[PDB]
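*Asks:* What follows is the residue order along each chain.
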Amino acid sequence: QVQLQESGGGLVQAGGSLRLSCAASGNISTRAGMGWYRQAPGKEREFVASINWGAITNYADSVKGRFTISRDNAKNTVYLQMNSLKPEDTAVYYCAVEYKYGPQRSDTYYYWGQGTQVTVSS
Amino acid sequence: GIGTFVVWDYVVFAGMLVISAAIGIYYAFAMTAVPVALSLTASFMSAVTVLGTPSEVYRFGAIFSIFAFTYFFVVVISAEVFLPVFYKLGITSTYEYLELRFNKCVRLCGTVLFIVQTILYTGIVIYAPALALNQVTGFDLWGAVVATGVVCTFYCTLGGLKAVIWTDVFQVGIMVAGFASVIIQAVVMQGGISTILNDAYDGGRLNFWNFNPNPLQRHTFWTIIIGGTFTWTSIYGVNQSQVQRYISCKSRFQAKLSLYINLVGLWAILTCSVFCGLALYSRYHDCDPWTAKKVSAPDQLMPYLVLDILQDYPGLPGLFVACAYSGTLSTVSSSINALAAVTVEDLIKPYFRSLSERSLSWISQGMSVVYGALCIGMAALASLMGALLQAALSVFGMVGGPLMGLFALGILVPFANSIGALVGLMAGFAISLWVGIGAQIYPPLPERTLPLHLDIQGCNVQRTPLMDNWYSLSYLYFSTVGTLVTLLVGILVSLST
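Quick note, the sequences are listed as chains B and A, same order. Residue numbering for the first sequence follows the deposited numbering, beginning at 3 and increasing consecutively. Mapping of the second sequence onto the deposited numbering: residues 6 to 35, 52 to 481, 507 to 543, in sequence order.
Fair warning: there could be bad hints in the mix.
Stated by the list, open to error - Residues on chain B that point at chain A, a partial pick, calculated with CB under 10 angstroms:
#1 4
#2 35
#3 102
#4 103
#5 105
#6 109
These aren't lab readings, by the way, just hints derived from the structure by calculation. Cβ coordinates follow ideal geometry from the N, Cα and C atoms, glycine included.
Given the sequences, and given the hints that come with them, work out the whole structure.
*Replies:* Encoded structure:
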């Protein structure tokens, strides 16, 4: 329903920097808690980097400090920014938005967007 | 603070309830199309479509506003197609028509579908405002049900029979004051309509256009138009409680007009409850009453708002619990007496059939206490089944859907063999009960129901491909997949003979 799109990803030098953008069309709630998941080739859906309406920013233990993420509530978009690009963190990246619709813990769905492949060189 | 009941408005809830009973007992112990159109609105103005329509718009967006076209497409069908058939033939009640077009066995096979539909719906007319009284008072949720049940079974002492206009104008008359209490004070507490209609857009609660043409989604434009028409045609076209007050009107043009007057009234209760749903989001787009400051059920979102908004106004929060309770005393007593006289008319012909009027007047109140236990017993079942508007339209669709198929097979198809309709009905009733219980055992995933965010923050293998691709059918399609089976099966068996 939200039909969200994204851009900003491709072949870069191993060790540089990059900013991945992701918009959100449709009737998406602003106070939503958009995130950034990724999928390595042959692996499972990897880490969450969640930022809620209160900008409480979360990271995984492998990506503390080296990666940053910020959103703005005016246009309903999220910017994932890259630093210290490893030769092995390359994957496809998805732009999820975690809805919460009930009182329990196991009731969340995600509205997965299309992928974007980022590769390294060395 | 929070605000609760006080000692001064408790009598306002009880005093407005007893005067509605006082109007009913006076005209008992004693149609020109304008009364019966308002009496057709009071059946719609239940405690399901007042307590549960804002709590469903607050969670699943305001796609429910598309029902304003669905209410137009049913009164066109139910007046052009289904109305001149039951009127011009001099029919007394719409199940007596079934033994005219088919054999007499399918009428006893017809009203058994009406009894299981009625006692499944009138458990939701009873349990829903008891789910509201448990919120505002903390009385108990299982004791207020049997409180509500025993006052209507003892209202089967010829008080509930012979429904009067004056006990139906009071249902709307409290409800026009019940919503105007809660709409008007919510605007002045939130500062303008253009503020209520501004945080709802930021929450995504507008959601007016979907247009996704697959049946597996719960709320589309196509589900509400196509499937929602076939659900509500089973209520305004073939249900005996809402065709009895079409034949009773005198002129045929007036009885058509009474179906066209409450279309304004259905557009009023829909607009005045969708806007309460958008008012309920803008008040609680920071701390929902779920997940924090809890309300057990989703249908405790309207009585939690009223004691939160009308806390400084004494007298008025008792009026909102009154208009939820006002619909049930007219509905359930008429719901039981509809089940009473039909059953004793059904029973006498395979019985000894020569008993005296003393036993027949005894058995008219003999089974009335039995069905009230089944009214209470199905009301204990309705603590399950979920959202109590999703469950009120499923048991219209999954049971009363194929019952509408017989009247579609009888009227339109001129070669409907009576042995074809009997196996056509039980085939259609089996397909609808297959998908109808499969969804209520395994619910659809939230990628198909599309529920919206609730924002807890600012408050200072399991799936099998049958369970995913057919049990996730839309709950407004349980009558489309019911009627379009008993029309297909009901013809091909009739075409075989």
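*Asks:* Which hints from the list above does the structure break, by number from lowest to highest?
*Replies:* Result: no hint breaks.
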